[PDB]
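A single chain, nothing else alongside it, follows as structure tokens in the form solved without the named molecule.
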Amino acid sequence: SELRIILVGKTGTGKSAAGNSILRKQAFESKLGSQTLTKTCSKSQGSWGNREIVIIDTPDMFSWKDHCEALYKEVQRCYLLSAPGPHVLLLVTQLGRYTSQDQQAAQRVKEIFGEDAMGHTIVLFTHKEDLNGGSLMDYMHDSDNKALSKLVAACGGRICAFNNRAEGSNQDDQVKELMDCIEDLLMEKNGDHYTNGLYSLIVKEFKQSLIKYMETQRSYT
């Protein structure tokens, strides 16, 4: 009955702080008034509605253009920490600021986890206060950002808004909204988690397979 979530997103959008909001603790390094840069994967756990939540935070470099040795090592770490596969990938973006770099982060999710990972992805929008009291759905409807529309479509319209600084009922409400989105997704998937050939495989063997897998995914994109 455990729920495994992987966090991804463009640098500066606040994915680690979103993880902390969900778990209601300082699970991942994130300091008010400073910019976060996550160098290595880590995991933390909490609960919601009597089930255990396992969150895997990823290095910022997953979202970048790079293919260094450390990248392959950390991807293998991410797969080991999230095995036998994530129920949800949470792609973290800042409201009103979906740029080429967010597009790259989305492309990298497909590269690292497979294009079909979009079918278990939910788009988070941080800085929800910038809706100025309007609804997120109206914001999506009225947005002329074509790349953002394409991401939201790939994700089956699954979206949620957060203020990472939320407290009390504001915090409880945003986490509940996310959990409701997750529950709807899992109902539709008969409770299935996402998986792929690399999860099935689960150090040198994995590395070689991952490089080939990523190359294949780049072509599809």
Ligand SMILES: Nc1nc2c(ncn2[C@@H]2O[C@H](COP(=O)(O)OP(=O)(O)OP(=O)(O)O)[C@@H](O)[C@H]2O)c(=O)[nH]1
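Under this definition, the rigid core comprises the largest set of C-alpha atoms superposing within 1.5 Å between the forms. Numbering follows the first chain given and starts at 1. What changes on going to the form deposited with the named molecule bound:
For the residues 39, 31, 176, 189, superposed on the rigid core between the two forms, a C-alpha shift of 2 angstroms or more shows up only at 31. For residue 61, a C-alpha deviation of 2 angstroms or more is recorded between the two forms after rigid-core alignment.
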Given for the second form:
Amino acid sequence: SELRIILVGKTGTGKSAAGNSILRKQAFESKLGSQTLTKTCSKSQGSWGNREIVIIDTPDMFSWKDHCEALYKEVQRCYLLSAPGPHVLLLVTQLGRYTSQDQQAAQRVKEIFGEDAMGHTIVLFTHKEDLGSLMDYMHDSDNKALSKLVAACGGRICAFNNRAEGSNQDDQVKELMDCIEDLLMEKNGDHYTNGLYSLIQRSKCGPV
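Having seen the form solved without the named molecule, the form deposited with the named molecule bound:
FYI, this one's just the chain on its own, none of its partners or other molecules.
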């Protein structure tokens, strides 16, 4: 009954904060500061409905240049923590701040997870409070790069205010879970997979 989610995207967009919003607890270190905080992948979990939500937070692996002390190692850690594959890649972006570095992050997502990764990706917009409606912003946006990203993700978008509490927090998480359910329906309940994921899964069952 696991539902596995990997938080991906540019550094500082509110990845760790989003994981915290979803799990409704302080699972991942998140705070104000100009430098990158998350330096290693982390895993946490919680229940929602009748599924165990499993979330993998990520360091700055999606930057164009290597900004990791051990990039290859952290990618491997990400794979091992999410095996046999994520149900969702949550591509975290800050609303009104989709830059070339965000475009780079999306390319790095495809490099690390495969050219088909976008098919299991949902675009999460953080800083929702900075808005009208999310749909209205999208239509009014002349950010062509962002429109391409959203189209590549089949129009699957959701907005969070990571500082949301109580009922507001609930509603936004409900919205995300609705998005996830719709994606899972489209994919016949399957998680994302690729050759490295299947290789890990086979290795784990051991020599015969």
